[PDB]
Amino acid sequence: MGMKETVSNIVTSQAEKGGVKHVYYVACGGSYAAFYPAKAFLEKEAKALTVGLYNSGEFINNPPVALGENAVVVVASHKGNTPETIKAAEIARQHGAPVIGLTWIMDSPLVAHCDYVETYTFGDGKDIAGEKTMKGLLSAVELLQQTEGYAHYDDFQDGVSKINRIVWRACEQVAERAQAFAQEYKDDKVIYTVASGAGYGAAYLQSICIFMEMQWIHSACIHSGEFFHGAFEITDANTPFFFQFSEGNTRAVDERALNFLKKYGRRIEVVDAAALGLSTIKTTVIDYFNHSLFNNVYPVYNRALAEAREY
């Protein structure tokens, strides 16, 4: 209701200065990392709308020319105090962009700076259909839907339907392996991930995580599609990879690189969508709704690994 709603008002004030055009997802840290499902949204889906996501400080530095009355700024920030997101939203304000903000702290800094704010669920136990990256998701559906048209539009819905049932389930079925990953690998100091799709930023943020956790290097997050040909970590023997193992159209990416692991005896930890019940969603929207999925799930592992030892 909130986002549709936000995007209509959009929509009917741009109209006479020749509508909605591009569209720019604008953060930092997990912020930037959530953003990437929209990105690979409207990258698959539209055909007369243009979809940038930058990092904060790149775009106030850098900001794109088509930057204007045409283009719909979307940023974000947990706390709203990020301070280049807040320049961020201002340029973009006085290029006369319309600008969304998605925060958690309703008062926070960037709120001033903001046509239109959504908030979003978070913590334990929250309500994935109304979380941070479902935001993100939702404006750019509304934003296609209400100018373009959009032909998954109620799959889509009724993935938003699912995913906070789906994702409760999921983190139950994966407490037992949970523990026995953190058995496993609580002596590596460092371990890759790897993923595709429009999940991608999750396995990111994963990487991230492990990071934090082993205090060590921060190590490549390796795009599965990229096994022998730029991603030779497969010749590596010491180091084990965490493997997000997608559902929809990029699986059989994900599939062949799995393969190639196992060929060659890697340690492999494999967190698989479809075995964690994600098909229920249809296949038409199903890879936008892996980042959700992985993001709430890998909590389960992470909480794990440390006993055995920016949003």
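Take the two forms, find the largest set of C-alpha atoms that superpose within 1.5 Å, and that set is the rigid core. Numbering follows the first chain given and starts at 1. Compared with the form deposited in another entry:
- Large C-alpha shift between these two forms, rigid core held fixed: of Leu205, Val111, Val174, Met214, this applies to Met214 alone, with a displacement of 2 Å or more.
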Given for the second form:
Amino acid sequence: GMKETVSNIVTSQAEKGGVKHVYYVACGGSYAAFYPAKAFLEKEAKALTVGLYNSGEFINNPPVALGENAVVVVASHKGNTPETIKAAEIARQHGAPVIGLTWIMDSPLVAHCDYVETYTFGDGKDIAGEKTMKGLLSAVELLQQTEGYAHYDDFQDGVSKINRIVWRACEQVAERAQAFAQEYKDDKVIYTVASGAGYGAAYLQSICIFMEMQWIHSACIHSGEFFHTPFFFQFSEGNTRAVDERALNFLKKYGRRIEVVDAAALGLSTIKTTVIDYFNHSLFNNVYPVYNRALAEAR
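Structure of the form deposited in another entry, given the form deposited in one PDB entry:
A single chain, with no partners or molecules, comes next.
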């Protein structure tokens, strides 16, 4: 478990000055999957630092605080990406404990980590166990076991709820997804829009899905960026909902074509407002496939 893994780390490093620095390092889909974890530590930590790196950049330009007071968390689906493996090696060379997240438990990556955690994956998976959620649980536990986390139980409550929310949401959007697919099957460019701890899910939707999967041009616009062609709009619940609302109003005043995917309409608010931020990504990242499958099958 993450709890136990972190316990072992906090123990192993206590005599070395403790855990002061957290680095999430991955490529591609796995990089975006750690954005909620970075957002969590940035919002919630008073002592711990957090950094999120592309694996290439990390191995070519490691931080000076990489050492015995750093924990490095690496992710690679197949446990094969050479740059992420090299990140783990470089971490261990500096005396930093390495947690690997992988689906393939005897991949090359496992050989260069101190701890390995796996996640649920594919159709039918339980969301409470998915990669993003393991990344978040690493952050939650690293916080809780170093400085304390005031909303630990609220977070675990959220973990116990998110699977049911997502399965229901996927059912709920299934009709709209059909219409969306009709209305957008000829578009060569679709923007995504998001903010806050869920931003990474919209970034994945642009890059991994529209561009790399469907040869549709895309960019992901932060909601705050409009002040200073259709839009696939991520309307979050929690502390940046007001940022998103302002952006949506703006877009509608230009009569843009906008597909709105609203966390509040999809039942996310059974999660307590103390932690709801951190569950936007898991909602959107597991709801978008309904829209994407429909889009692809209209083309």
